[PDB]
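With chain A's structure known, arrange chain A' on it following the hints.
Protein chains: 2
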Amino acid sequence: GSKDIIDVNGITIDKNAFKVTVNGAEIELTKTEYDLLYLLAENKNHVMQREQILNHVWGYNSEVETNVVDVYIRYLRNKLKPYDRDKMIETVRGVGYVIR
Amino acid sequence: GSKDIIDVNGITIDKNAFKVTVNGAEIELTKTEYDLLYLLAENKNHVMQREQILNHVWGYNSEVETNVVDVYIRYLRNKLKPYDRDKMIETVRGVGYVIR
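Chains A and A' supply the protein sequences, listed in that same order. A prime marks a further copy of an entry chain. The numbering of the first sequence is the deposited numbering, which starts it at 120 and goes up by one. The numbering of the second sequence is the deposited numbering, which starts it at 120 and goes up by one.
The following block holds chain A by itself, in its conformation from the complex:
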């Protein structure tokens, strides 16, 4: 049972590095969800295809099934719903996903 946030010698360190700041609060993510969010945010207004998302977040050779992108888009949306940000991740039926 590792302590969530630690302060020592004036330094603040969180057990989970993968948080994002929203409305003065923090959404807590996994590495994969955080990387997906960053990738979509970095490409705002530029639709990303499921396979290029797979390549960036999971790796170009990845043996993972491509639908893991959909699985995680849904994990991400569920993380953003309590903060009324989920609708920012939209589906382009047939292509992939985009933040606008």
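Just so you know, the hints here were simulated from the structure itself, not pulled from any lab data. Don't take each hint at face value.
Since the list gives no way to pick one copy over another, a pair counts as held whenever it fits inside one copy or between any two copies.
As the list claims (entries may be wrong) - Derived pair list, reagent style DSBU-like, types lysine-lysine, alpha-carbon separation capped at 35 Å:
(1) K206 <-> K138
(2) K163 <-> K206
(3) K163 <-> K200
(4) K163 <-> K198
(5) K134 <-> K206
(6) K198 <-> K150
(7) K122 <-> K198
Coordinates of chain A' only, in the frame set by chain A:
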């Protein structure tokens, strides 16, 4: 060339999740350095042995040489020097390392 910090829809997301806040600034770490710092901080005033540090940060089965702990203690100290925090990580000659 991925953009360091991104703001989108009111969410702030850093490319590098592994930063700690010090004097209103941020030290930027790698996952391994961050985990080492967290482990020592979480065990403040409790000396840790090089091998238990290895087990926690690198894994119990790890094929890595045990001196990688010393390598990274030095990487961490070098990261803390610009903020006059390096002396908080002290060597117990013969045992390991501790934060007091």
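Status of each hint after checking the structure:
1. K206 <-> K138: both (19 Å within a copy, 28 Å between copies)
2. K163 <-> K206: Result: close within a single copy only, 14 Å intra versus 43 Å inter.
3. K163 <-> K200: within (19 Å within a copy, 37 Å between copies)
4. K163 <-> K198: both (19 Å within a copy, 33 Å between copies)
5. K134 <-> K206: For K134 and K206, both the intra-copy (29 Å) and inter-copy (22 Å) Cα distances are at most 35 Å.
6. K198 <-> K150: both (13 Å within a copy, 23 Å between copies)
7. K122 <-> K198: Both: 22 Å inside a copy, 23 Å across copies.
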